[PDB]
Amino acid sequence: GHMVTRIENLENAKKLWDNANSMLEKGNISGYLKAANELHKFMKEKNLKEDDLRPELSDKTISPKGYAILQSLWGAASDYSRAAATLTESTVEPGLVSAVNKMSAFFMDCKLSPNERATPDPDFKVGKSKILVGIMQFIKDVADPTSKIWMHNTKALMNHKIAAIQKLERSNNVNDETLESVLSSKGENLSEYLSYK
């Protein structure tokens, strides 16, 4: 019955968590995010909460590295979500980015009780520009091909911003001002609207 079905869903949910944790532990940002999304979608679909899984993960561990990447993801996502809420538009992109924050916190909260504290390694830093590209890559890969941010195709505008951040990296001109310029843009100065194409 539905209780046995729930046990079986939690076994699969534990597998999905472990996949996310293993991506995390390798420092793969977009792919952690792919796996976090899959976990979170499954749990939502099966009416399962963090509290339902947490007793099943007593034999699992998020490492200090893991927590460090998680806190880095949170801070970059936080800033991006806020910086993307502009007078041009403030629904689509902030929502996409805020959802990244939610799915990643969900993954964390499945293991850690939210009443109790992350233990990040204060020396493990992932570069903010790499985190931001990872977020954009996740968004681009999961977006519907017809989805738009303002007048621009969402995938194409992600590719545009990813390129912008990589150009800043190559020229060693990454700072919070140059980054904000990319995060807050809706391609208002481009020569035409970006298409799915």
Second form
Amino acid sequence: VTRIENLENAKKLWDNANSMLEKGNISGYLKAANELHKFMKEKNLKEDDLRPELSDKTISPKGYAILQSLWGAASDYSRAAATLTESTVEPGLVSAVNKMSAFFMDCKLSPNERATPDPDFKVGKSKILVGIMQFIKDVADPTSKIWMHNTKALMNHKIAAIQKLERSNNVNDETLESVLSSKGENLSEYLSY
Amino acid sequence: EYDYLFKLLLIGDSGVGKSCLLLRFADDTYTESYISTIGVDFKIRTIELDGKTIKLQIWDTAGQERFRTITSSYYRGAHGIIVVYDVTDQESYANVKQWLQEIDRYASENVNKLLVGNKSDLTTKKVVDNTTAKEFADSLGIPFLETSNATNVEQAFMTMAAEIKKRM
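For the form deposited with the partner chain bound instead of the form deposited without the partner chain, what are the coordinates?
Now the full complex is given, and it begins with the chain already shown.
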């Protein structure tokens, strides 16, 4: 295929991601952003190659709110996950998601163009955190470990933890931070599968 | 294993030369498939102070130029915050001043901060008065550094790590 064809396909991919964003589908945005990133890496296309093709596309204020929600949660989580127990795999994974979302935005926006989010569409932090973790669980290698635990498995364990906080009405930044920073140090057995 | 892990936040727009501040940090090394395709937004290094082994982990947080409302992502969850403006660019200074005023409003006194005036290239024009930036920096009670010379950047990181260690 030609560069012109590959650019048109990348454009379609970017649009798929943007459509998911508009639907507030967190899982589906993250997968589509990843499919965009994969295809452009395969085709040696960079953000500046796509950008002039997206000139008449727009990320909506709702879209920006979702992107903002993701950004805040990922920023916070990458940092909280860096501890004296380990500071490589869990921050890495979370940071790599965040970059993937910046990549989508960079395909559309020039340097330093600000997002214009509509606060009405802010997604709760605990729901964003579960979305990010579910995506990590999907893209993690089967043998990936965070400290002594299987990554997928710890992702399931933290998900349950956040969901339990929701159920006892005890979600706040401190309680979320305490799950995000945990490496399951107090668990009697190491998590597998 | 470390005695301490200090988290640093690098705040700056594109085009202010943030790369310049990260040359004594390195990327961590991954086999993780998903990370290997995209990379991460932090870099690392180890230092020793007073017999104690300290990891410094610095986040140049991906996407930050898009979300410049000052939220707890900017003012909480970091030991140190480094804010970089471009000396050739008055609007750059004006933006960072604003960001730092707001960060000062909400952050703990226990967070170390640093204002950096960077000038990437020998040949563009300087326009931000260091007296004015220094006057601004003193007002919030934070250090100020003008950078091009890699040497003084290393000194600044070392001083910041020393100061963080005294409070932790």
